[PDB]
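**Student:** Chain residues, written in single-letter form:
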Amino acid sequence: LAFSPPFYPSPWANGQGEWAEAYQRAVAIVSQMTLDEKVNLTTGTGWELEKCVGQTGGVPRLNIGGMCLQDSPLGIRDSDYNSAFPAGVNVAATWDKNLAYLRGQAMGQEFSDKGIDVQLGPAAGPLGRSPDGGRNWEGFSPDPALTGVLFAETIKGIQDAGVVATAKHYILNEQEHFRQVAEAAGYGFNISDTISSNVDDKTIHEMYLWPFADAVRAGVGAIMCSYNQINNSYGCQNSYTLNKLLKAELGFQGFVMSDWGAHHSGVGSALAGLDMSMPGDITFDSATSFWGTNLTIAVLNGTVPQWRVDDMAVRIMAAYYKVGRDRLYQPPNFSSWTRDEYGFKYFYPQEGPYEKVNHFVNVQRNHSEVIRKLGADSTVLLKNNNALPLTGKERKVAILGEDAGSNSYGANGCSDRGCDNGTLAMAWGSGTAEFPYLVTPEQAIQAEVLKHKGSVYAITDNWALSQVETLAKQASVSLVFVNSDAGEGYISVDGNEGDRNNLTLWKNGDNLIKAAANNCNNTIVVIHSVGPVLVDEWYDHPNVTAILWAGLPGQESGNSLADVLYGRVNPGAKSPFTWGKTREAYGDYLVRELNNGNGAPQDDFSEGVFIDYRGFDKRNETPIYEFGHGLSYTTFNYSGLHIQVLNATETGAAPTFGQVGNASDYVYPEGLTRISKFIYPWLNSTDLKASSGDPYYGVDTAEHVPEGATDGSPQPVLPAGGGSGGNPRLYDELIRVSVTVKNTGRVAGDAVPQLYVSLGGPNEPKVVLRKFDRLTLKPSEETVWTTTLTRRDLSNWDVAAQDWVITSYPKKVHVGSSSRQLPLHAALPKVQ
Amino acid sequence: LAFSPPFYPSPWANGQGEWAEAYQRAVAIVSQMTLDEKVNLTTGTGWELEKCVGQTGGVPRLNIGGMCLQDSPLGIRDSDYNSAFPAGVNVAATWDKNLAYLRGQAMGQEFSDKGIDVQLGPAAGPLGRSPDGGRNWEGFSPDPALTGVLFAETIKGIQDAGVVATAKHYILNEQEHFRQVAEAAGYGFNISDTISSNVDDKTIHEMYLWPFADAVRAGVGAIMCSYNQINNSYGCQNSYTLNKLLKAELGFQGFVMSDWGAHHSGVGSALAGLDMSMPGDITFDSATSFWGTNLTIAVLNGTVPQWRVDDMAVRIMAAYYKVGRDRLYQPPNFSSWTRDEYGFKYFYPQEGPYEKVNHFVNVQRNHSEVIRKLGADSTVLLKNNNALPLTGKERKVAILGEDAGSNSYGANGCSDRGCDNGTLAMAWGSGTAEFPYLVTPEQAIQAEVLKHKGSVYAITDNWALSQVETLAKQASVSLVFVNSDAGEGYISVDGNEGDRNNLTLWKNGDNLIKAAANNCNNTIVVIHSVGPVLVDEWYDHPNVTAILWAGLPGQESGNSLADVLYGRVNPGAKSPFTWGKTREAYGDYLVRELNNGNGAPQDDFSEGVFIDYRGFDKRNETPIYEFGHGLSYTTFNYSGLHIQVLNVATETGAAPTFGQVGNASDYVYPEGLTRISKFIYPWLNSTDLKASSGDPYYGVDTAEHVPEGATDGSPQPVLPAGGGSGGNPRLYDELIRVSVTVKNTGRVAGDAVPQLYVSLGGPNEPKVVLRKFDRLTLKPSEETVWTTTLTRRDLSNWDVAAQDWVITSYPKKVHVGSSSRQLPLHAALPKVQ
Ligand SMILES: *[C@@H]1O[C@H](CO)[C@@H](O[C@@H]2O[C@H](CO)[C@@H](O[C@@H]3O[C@H](CO[C@H]4O[C@H](CO[C@H]5O[C@H](CO)[C@@H](O)[C@H](O)[C@@H]5O[C@H]5O[C@H](CO)[C@@H](O)[C@H](O)[C@@H]5O)[C@@H](O)[C@H](O[C@H]5O[C@H](CO)[C@@H](O)[C@H](O)[C@@H]5O[C@H]5O[C@H](CO)[C@@H](O)[C@H](O)[C@@H]5O)[C@@H]4O)[C@@H](O)[C@H](O[C@H]4O[C@H](CO)[C@@H](O)[C@H](O)[C@@H]4O[C@H]4O[C@H](CO)[C@@H](O)[C@H](O)[C@@H]4O)[C@@H]3O)[C@H](O)[C@H]2NC(C)=O)[C@H](O)[C@H]1NC(C)=O
Ligand SMILES: *[C@@H]1O[C@H](CO)[C@@H](O[C@@H]2O[C@H](CO)[C@@H](O[C@@H]3O[C@H](CO[C@H]4O[C@H](CO)[C@@H](O)[C@H](O)[C@@H]4O)[C@@H](O)[C@H](O[C@H]4O[C@H](CO)[C@@H](O)[C@H](O)[C@@H]4O[C@H]4O[C@H](CO)[C@@H](O)[C@H](O)[C@@H]4O[C@H]4O[C@H](CO)[C@@H](O)[C@H](O)[C@@H]4O)[C@@H]3O)[C@H](O)[C@H]2NC(C)=O)[C@H](O)[C@H]1NC(C)=O
Ligand SMILES: *[C@@H]1O[C@H](CO)[C@@H](O[C@@H]2O[C@H](CO)[C@@H](O[C@@H]3O[C@H](CO[C@H]4O[C@H](CO[C@H]5O[C@H](CO)[C@@H](O)[C@H](O)[C@@H]5O[C@H]5O[C@H](CO)[C@@H](O)[C@H](O)[C@@H]5O)[C@@H](O)[C@H](O)[C@@H]4O)[C@@H](O)[C@H](O[C@H]4O[C@H](CO)[C@@H](O)[C@H](O)[C@@H]4O)[C@@H]3O)[C@H](O)[C@H]2NC(C)=O)[C@H](O)[C@H]1NC(C)=O
Ligand SMILES: *[C@@H]1O[C@H](CO)[C@@H](O[C@@H]2O[C@H](CO)[C@@H](O[C@@H]3O[C@H](CO[C@H]4O[C@H](CO)[C@@H](O)[C@H](O)[C@@H]4O)[C@@H](O)[C@H](O[C@H]4O[C@H](CO)[C@@H](O)[C@H](O)[C@@H]4O)[C@@H]3O)[C@H](O)[C@H]2NC(C)=O)[C@H](O)[C@H]1NC(C)=O
Ligand SMILES: *[C@@H]1O[C@H](CO)[C@@H](O)[C@H](O)[C@H]1NC(C)=O
Ligand SMILES: *[C@@H]1O[C@H](CO)[C@@H](O)[C@H](O)[C@H]1NC(C)=O
Ligand SMILES: OC[C@H]1CNC[C@@H](O)[C@@H]1O
Ligand code: NA
Ligand code: NA
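Going line by line, the protein sequences match chains B and A.
FYI, the numbering for the first sequence is 22 to 668, 676 to 860, going by the entry's author numbering.
FYI, the numbering for the second sequence is 22 to 668, 675 to 860, going by the entry's author numbering.
What the hints contain is simulated information worked out from the structure, not anything from laboratory work.
Don't take each hint at face value.
[To be verified] Okay, derived cross-link-like pairs now, BS3-like style, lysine-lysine, Cα gap no bigger than 25 angstroms in a straight line:
| hint | chain 1 | residue 1 | chain 2 | residue 2 |
| --- | --- | --- | --- | --- |
| 1 | A | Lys472 | B | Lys494 |
| 2 | B | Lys377 | A | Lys494 |
| 3 | B | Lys404 | B | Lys717 |
| 4 | B | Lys377 | A | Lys377 |
| 5 | B | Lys472 | A | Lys472 |
| 6 | B | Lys472 | A | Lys474 |
| 7 | B | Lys417 | A | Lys377 |
| 8 | A | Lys377 | B | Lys414 |
| 9 | B | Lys366 | A | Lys494 |
| 10 | B | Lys494 | A | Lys474 |
| 11 | B | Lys474 | A | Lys472 |
Construct the complete structure from the given sequences, taking the supplied hints into account.
**Tutor:** As structure tokens, then:
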């Protein structure tokens, strides 16, 4: 079986780069803390014991309120009077750094105004190994350069608005199936440990880790480690991914929290680089924790060095100070577990004062504007045979498909969005927010038609084909809506356990489109979906005159779409993944059956880097719509490529901050009423063994602590580390590339120039994206797009050097409008 | 068994009153026609043979195009790019003569622009004997005064727009069960003839006949006789209702058409006062007709007098001229049977030239505006505990109920509206039109809330009660939508064979309302229905803060309602029927089982005049909401009632004939004409009359089957109650002027609906009966004096001994106020005669 080698000690923070001020403030306050106070920062207080999806107890003697951590990557979960933004995959479809940022900012503002300290998002893991993976839509794209840039801009927007962002899930959680042992049991499978993603060192560096290096360099304050194992070592105690890759090589200065139920040991995880346990207990409301009491004991008994807990507390306070949360602090003014105005303060056991638990604060501001805009700018026009934009003069409009209409249970009528009923504007699981309302395509397109005194109807039963056919024969234009949904693995909809069982349109979508197109010579298909779907049965039908993919647009869905269909917005989005002829064309199959008996299922990433377009190009397969493809209401020309060549070895010793006293300093204080299931830092008595309750307490302890796990002496800086996101020399700019871009059509709009490189060598993809931008040009207007290639951009990861190297194979650059339409190309000059 | 006494001969037209010019022009043209041409005017061409629901062949030699007759009373049926107006019941709820006229005008304009000559509406029969009758909603109100006045204004709007209106159904078609034998057989019932409505002479004059007297006096061109029998004689050959009540007593000058399949004999119907057979065949596509060829033969063989057939022709041409149809004529520019651009000219057999059958003419103009306004102005506010109007500042709005949302088959996705899915804006059967679009309450209310930056959702599955209760707990206001549907008897939805099986909300509505009100202290109920529904289980719930009934609003439903809920329109509508505690409180049970073996079921109207509020008041029962009840966002005061007393041929001419009849050979099929399969023609196969009729009863006991008087063309007496239009003109003398001051005593402009009831006196008269009303717009503090007059008819009762209206010697009283039960002003009336 795959093996995960050790890397110890867990590196300590050092005030790196833009962290210097936040780290000095964190060390000044952590220095004042007792051991039980430090431990309070590191451990949640128990599932649904307070207000937020995750919440720590804070340090009240030092005026630090408990840290409130809340989903989701696309808006506040489990709350009220908040907005529901389009999903991360829509941000990927915009290819628009500025919109990713502005969406970050608007979410940060709403979370901050609910008294939330830490947003659990954005996501870049899953990256998207498999097109049917259940959570790819929360992240961005299976391409690392596109994902890493939009991930980083999202982070910066959220943190500039004063909320800590949490880059998740770290790392290789590329499928829902078998990701948790209790979930698998509920779905009929008996496994002893979760699925192990088994991945070679070059692949992890070139693909899955690269957006985390961007998040790190962009200043992300938190990282959430993942439920799966990596080479048979759990993500939240994997010393290789956490100590070596994240903290030593990428130089991460913030804190690593567990995913909920992903914490699997106290001592093991603390020494392997975990800093925060969520929701704080061992299983939900077990009243036991691998940390809390147990971590205070682990330090008192000498097994976890003081410097390790001290560094947890410094990383946690430093992220909180880095975003300025201290200046915006207020306790969470809502409850994730009830919408009632009043309730017992501690929800799960219904204890504590009976008091106001919701204040109904309306944090929406004018955020519907950025959502409606980001929806229109993420609507990919895949096909347009001169059918769009509409004019408003069409005499009779047929709106067809359940995906155009209302969810009959209300927009929030399925818990965590766990159904696919009515228009699909948000997929399911934790990656969700309550809509404040939901504008359906039916509502916005019928309003638009009635404004022009046209005739219009909506048929929203996809087996009502008699009516579809009759109305399609009478219509000037048939707008046909179809979807495909997916989500987090703890929910199953129609037997899809988070992951999609296939890429075919749900709810009779293919037959609905063929019924319309058999009868209307102007059939326009609109797809809402978590990722690609199969279109081969109808996309080339002669009466299908346009096709659009609008992703998961959030609350302004129908208005975002109408703006595009009626020409208020000229679509600029590009596909952020590949649209293949068959599921086989993508390869990268999910592990859907036990393959290691009743042990952990083994998920070998045997394709290496060759996911999505890199795999189609390697196999010489032709996509229907390639990565980077999207049309516009105008045309663009690219010409005039020009290329120009441009002109610490050790750490400190681990520090300790403050003093640790005797056990009797950490016994429960006598005036305090202990709330049932609440997780505390304190001991029942000075008897360490008895207060831990651990059946393994004090047995074979040293043989269970890896060599070096307690070494606080100065360490070597890795060749590829020493900076933020990697050695700073990786970010030196080596080549500048320019091209001229002209709008040669009649409509103002945006181009998305894309710069790919070919790094050369027998095992490298033919082309890999490295730069892009989204440039607004009026008709006939031109501009020069200039960008630069860094040392990292031209490197490959060398497993023998443990470093990025520019290999000696000759490299080329290609610029154009998609991964398959690259009219400009040149050999690059040799650089090192 | 009830018996229907004979009345012969069938009165001939005479140019009465406003018909003088139309009659002269009809005589002049019918004088030029051959017998087969005349017959062509009287008989439709066969079910689906041409474009319109009914269609005659016309007279091409004299450039008279075939007459195109199309449904419905609320908009053009079976067509395209037309509007869908609110139902006649909503017009009744407006209590607004002007809006009634404006709706008729906007409908006549649309019909005229499609090349339709005759609109099959409006309807005042069923009047509304039973609250569960399947078609009451197409008419107006169970009250004859409210109905007759709004029926009349609807007819004047249509005919002023140049289309002939058809007052239907004449008469006593008060229920759908057993109305047609083949329908009854499709539902498992074996009957040899249709339901017989059996009614006494005073009741028919005081109730069912009264709105038709108004129709006739307002100048209606056509009348459509009914499927039921009346005292065991079919509506379309009932000499008593057609010859005596309609043509002699009411003096009707236009033409009587059959309902479709209501024509039951050639000779018998022509002599009993029928003028036009629709759709022209005996059963759909039978290629046989009681008229056409048979009527030509019946005149040739001496059995139907030429004067009778000339009179049919003159009544038909006179109605056509009277509305100026000849000045707007164009062939129908759509087909009722297909939406294809091209097709065979003769749809049913797919014969004739292949040519353009649809021109897709957009006739809607800006009629959405009158629809929008009339839906708002017909929304009755039944209860409002200071909950409405909404301000727009409600922080979270729950829209609850399938009736708020879309029909998932599309607004037109159920044929003839034969389902109750999504918002109910139109009930089912022939009384329907294709929506151009349908704005749902969900759409218009969610749009209003988003304009104010509120939060809003719609739950539209009425068994999703977990979600309903969760959202209702979170909401500032919960708007709960519920409905109850019905329609014409040939369609059954959920076992309701046209008629409603109960007056309970459909689709779990009572449980939905209780789920919302148990959780939300500001639950507002909105009812779309064909008539009253039982509200006893929740109307008085402490968290039910407002209740509205919005009827069947047509295509602008959601916008009409939002205009009211948000106070752009202050509701002025008033209930046009009673809301009782139980079904038993209304009495008047439908006949739902065979009670005459396998012969015609018998429907005895044994309550006499005591239907709807007259029955409740007679039984001393308290309605939840009485007839005439509606609240406003302002208040009104009525004061200062004052009463002021104010200051005909005896024989007809002889029956004329116009033009000449020749030999049987003039009427044989023309040699060079292709005869279209199933098409009905006026021509004979040969000069053999017997063989050309194909009638198994031809020449059988003929004399015995021709009623006494039926061929009598000599001068007739004028009935004491006849001699004018809608009755002897002395009935319309104004005898009393009544005035009262109405003041808006509140803070917002609005419409008051003053109502004037009389008590006629006498042991068997209703305690009060509506006579006058108007709808008056007043600004805050403004006053106005409402003045109206009572006519001799208004103060009379029908005396069966005299056969005339008589002001009886019991002391009479006037009562004025805001409903049938809120009448603060009363005055004794002085003796007048
Ligand atoms: C010139 O050319 C013309 C065009 O071709 C020729 O016209 C044909 O003339 C024939 C006579 O020669 C006609 O045939 C006879 O028709 C009658 C009338 O039938 C209709 O009306 C019935 C009710 O009638 C009353 O009311 C009408 C007006 O509404 C009056 O006109 C009648 O006079 C009669 O009036 C009395 O009652 C009213 C009150 O109700 C009073 O106010 C009056 O004061 C009078 O008292 C109605 O019931 C009939 O309905 C039947 O038919 C419908 C289908 O059309 C169907 O939907 C109904 O369910 C019902 O079906 C049942 O009956 C029919 C037959 O009629 C069966 O086939 C069927 O299967 C069912 O049983 C209809 O709407 C009709 O009554 C005559 O039939 C009676 O007499 C014959 C024998 O003479 C019997 O064989 C029949 O069974 C029947 O017997 C019943 O009645 C008897 C009373 O008379 C009684 O003794 C018996 O006990 C029995 O119960 C004839 O069928 C033919 O209609 C007409 N064709 C056209 C196309 O117009 C003309 O002949 C020719 N001239 C010359 C000189 O050659
Ligand atoms: C790890 O994080 C966890 C989670 O955040 C931290 O746990 C929290 O620690 C808090 C202390 O920082 C502790 O706070 C206590 O709350 C109690 C309940 O308060 C609520 O109910 C009261 C009473 O109705 C309301 O007044 C109040 O507003 C709340 O609604 C308080 O009662 C405690 O107040 C006492 O201590 C504080 C100072 O901490 C005094 O300011 C206050 O006056 C009270 O002082 C009395 O009691 C203390 C000790 O209990 C005495 O030392 C003092 O002399 C006073 O004694 C008199 O009164 C008591 C009875 O009232 C009487 O017996 C005595 O004889 C005298 O007459 C305090 O505010 C949270 O409950 C606790 N959270 C949970 C879930 O357990 C933990 O500290 C963190 N750990 C570290 C190491 O940082
Ligand atoms: C007066 O005249 C009116 C008009 O004719 C008469 O009304 C009819 O009354 C009938 C008798 O009540 C009604 O028939 C009943 O219909 C009930 C509801 O059927 C619908 O809803 C259910 C439940 O839907 C939920 O669950 C679905 C499947 O899980 C889900 O898809 C759906 O979205 C709903 O979800 C919510 O709830 C679930 C859990 O419950 C949650 O998980 C979810 O999150 C949501 O919260 C659905 O199954 C069904 O297919 C349909 O769409 C039925 O439930 C009744 O059937 C039960 O009881 C029967 C005994 O009565 C028994 O045979 C049967 O086996 C069931 O146990 C029943 O069919 C009818 O609809 C009314 N028609 C109209 C037009 O209103 C009225 O009866 C007359 N009144 C009187 C006094 O005479
Ligand atoms: C009772 O009402 C019915 C239905 O309205 C009338 O029946 C129609 O009568 C009209 C007028 O006579 C008939 O019209 C004839 O149609 C023929 C076919 O016309 C179409 O197809 C041709 C061939 O492709 C086209 O070229 C043409 O434009 C039409 O689109 C015409 O060809 C006839 O006109 C000429 O033909 C005859 C040949 O016999 C010659 O005498 C002349 O040269 C003449 O120019 C004619 O127009 C129509 O077909 C009838 N309809 C049906 C359904 O049968 C009755 O006439 C009316 N009865 C009374 C007594 O008024
Ligand atoms: C600590 O004491 C508490 C309360 O007495 C007891 O419930 C708990 O089990 C003890 N913990 C351990 C590890 O024994
Ligand atoms: C008249 O002639 C047609 C065509 O020959 C024949 O089919 C039809 O049956 C006849 N009508 C009658 C009453 O015989
Ligand atoms: O559709 C034509 C006729 C059918 N029977 C009912 C009438 O109201 C209608 O106009
Ligand atoms: Na086809
Ligand atoms: Na309650």
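**Student:** Next step is simple, just say for each hint if it's right about the structure.
**Tutor:** Okay, the hints, checked on the actual structure:
no., hint, result
1, A:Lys472 with B:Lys494, "36 angstroms, violated"
2, B:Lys377 with A:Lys494, "16 angstroms, holds"
3, B:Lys404 with B:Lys717, "68 angstroms, violated"
4, B:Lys377 with A:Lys377, "72 angstroms, violated"
5, B:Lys472 with A:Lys472, "16 angstroms, holds"
6, B:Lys472 with A:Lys474, "21 angstroms, holds"
7, B:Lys417 with A:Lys377, "20 angstroms, holds"
8, A:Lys377 with B:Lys414, "24 angstroms, holds"
9, B:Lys366 with A:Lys494, "20 angstroms, holds"
10, B:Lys494 with A:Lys474, "39 angstroms, violated"
11, B:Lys474 with A:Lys472, "21 angstroms, holds"
Hint compliance for this structure: hints 1, 3, 4, 10 are broken, all remaining hints hold.
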